[PDB]
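Starting off, we have a lone chain in the form deposited in one PDB entry, written out as structure tokens.
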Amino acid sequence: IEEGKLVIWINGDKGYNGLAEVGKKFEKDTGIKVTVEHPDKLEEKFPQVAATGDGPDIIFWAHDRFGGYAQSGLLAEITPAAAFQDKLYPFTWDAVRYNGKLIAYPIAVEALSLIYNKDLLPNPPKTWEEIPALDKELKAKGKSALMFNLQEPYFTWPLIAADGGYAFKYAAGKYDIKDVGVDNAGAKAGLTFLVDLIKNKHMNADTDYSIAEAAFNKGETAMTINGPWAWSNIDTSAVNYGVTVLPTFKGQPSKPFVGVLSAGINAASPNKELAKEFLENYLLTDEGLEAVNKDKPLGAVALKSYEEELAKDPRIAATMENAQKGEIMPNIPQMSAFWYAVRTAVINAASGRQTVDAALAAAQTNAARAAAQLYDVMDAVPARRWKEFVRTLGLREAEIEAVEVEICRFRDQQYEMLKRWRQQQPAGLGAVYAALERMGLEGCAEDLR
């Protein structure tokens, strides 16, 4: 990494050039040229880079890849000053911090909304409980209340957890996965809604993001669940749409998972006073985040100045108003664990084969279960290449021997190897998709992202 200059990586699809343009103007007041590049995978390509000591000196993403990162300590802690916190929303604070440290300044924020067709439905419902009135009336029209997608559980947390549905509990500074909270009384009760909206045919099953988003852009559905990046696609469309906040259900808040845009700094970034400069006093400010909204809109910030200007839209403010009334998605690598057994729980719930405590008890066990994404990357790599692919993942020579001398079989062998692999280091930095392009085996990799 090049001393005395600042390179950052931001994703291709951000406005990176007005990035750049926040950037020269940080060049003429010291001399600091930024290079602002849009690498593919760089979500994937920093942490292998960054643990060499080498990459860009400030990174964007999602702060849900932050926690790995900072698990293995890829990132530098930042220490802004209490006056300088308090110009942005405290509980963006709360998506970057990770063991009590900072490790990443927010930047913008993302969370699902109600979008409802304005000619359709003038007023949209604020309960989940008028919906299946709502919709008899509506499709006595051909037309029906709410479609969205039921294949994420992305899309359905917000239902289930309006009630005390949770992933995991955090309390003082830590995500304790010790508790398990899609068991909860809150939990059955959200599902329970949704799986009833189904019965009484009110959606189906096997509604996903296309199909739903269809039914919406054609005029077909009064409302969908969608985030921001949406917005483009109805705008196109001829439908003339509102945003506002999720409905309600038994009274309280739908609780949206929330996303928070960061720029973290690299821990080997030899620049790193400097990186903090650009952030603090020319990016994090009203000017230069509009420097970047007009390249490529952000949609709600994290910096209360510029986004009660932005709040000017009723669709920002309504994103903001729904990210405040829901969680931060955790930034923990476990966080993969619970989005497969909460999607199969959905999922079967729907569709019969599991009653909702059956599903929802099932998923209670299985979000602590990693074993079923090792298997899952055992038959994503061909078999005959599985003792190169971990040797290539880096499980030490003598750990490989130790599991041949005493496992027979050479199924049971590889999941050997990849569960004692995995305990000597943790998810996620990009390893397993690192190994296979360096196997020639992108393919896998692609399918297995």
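Numbering follows the first chain given and starts at 1. Compared with the form deposited in another entry:
- Treating the motion between the two forms as two rigid pieces, residue 148 shares its piece with residue 328.
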Given for the second form:
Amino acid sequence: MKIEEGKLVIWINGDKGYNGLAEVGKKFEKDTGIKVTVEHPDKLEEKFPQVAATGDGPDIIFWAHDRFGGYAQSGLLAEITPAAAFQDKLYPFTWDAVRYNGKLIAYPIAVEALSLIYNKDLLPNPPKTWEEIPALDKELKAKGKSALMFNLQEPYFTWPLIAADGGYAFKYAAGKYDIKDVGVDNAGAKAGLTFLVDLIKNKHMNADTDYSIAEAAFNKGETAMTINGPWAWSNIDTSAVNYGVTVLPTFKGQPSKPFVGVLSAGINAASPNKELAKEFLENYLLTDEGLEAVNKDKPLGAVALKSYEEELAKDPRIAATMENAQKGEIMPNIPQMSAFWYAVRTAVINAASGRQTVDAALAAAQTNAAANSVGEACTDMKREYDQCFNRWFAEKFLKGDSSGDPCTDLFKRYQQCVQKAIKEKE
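Same protein, different form: I have the form deposited in one PDB entry, so give me the form deposited in another entry.
Lone chain follows.
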């Protein structure tokens, strides 16, 4: 239905500190008498458009910035309008992450990257490179433990390895991401997955490993290392393990390039509580008291809010997140992110499982992520056609002239490519 007025409803991922966010909401209600409800629906990043397009959904949506362009494209997000002095409190490159088409579509909360997380009792000196991890595993498996376990289901986790030797999402230049050019099936993306797949293929990891399995084992001292993000620290803290958070390893000599996320608060285009959500996010959330409330539940990363980031950037754990974040790229916010993440999700999982070989998996992902005009191969023959026709159409047609088409030869050649083009698809 239509969202409820006089009420703020909030979606944030269940791996984030929502009980803390709930406590900011309580401070809001205690103060403004306006109740606040914090839920964490599963597959949140998909369900929001599913209902925010019908006028439903939450007043406030909490996700990384990479999904929010697709939402703004389909006008699911109200344009946010803080004053100048409020955006001076947030690092401006975080705002950059939430400017779509020169409009601000979200409040940036915190910068997130993946770091390496390892057991020091099990492993006092963490691998500096991926290629040394098989050995680490063979030596640890002899003591009943194992080297690495991080969650293969989500591509977010396996990406910094793919990006290492030169995979990317889309090519960025001139202020624009080229949605037609996708670096997921190059040499330095096949090589990274083939490594992961070989980890699997060699019983060094396990293709079924998800977030819970990997979190469980590392925490119970069963595996020496994990890959995960700031939100995950407050459970090792409440675990026996004497952990270190550190720079990710390197592949083929190159560092792991994580896709940096900026947890963002999006207001729903359909919310009749927009002015109420501004007040919540600007005056209760993006306060040190607000952000600490969240950050004490599960850690937020490097918050976007300068004043609180000063106390935060002292954490050696934050430093290592920021080390890795600066070794990766900010995620783009363009609507093609989802086709990108779906393609990589499919490729990795299918390679990891065996239904697809690696080259099969990333070929498929090349095309599923590219977004190409059907006759892209033949643009060079249309260009030389079009020139002939536009010349005919202007000079021997629009002004009346008869003589049948002088561009029949080029047409039929292009007609041939575009007809093999359609056939290799649908």
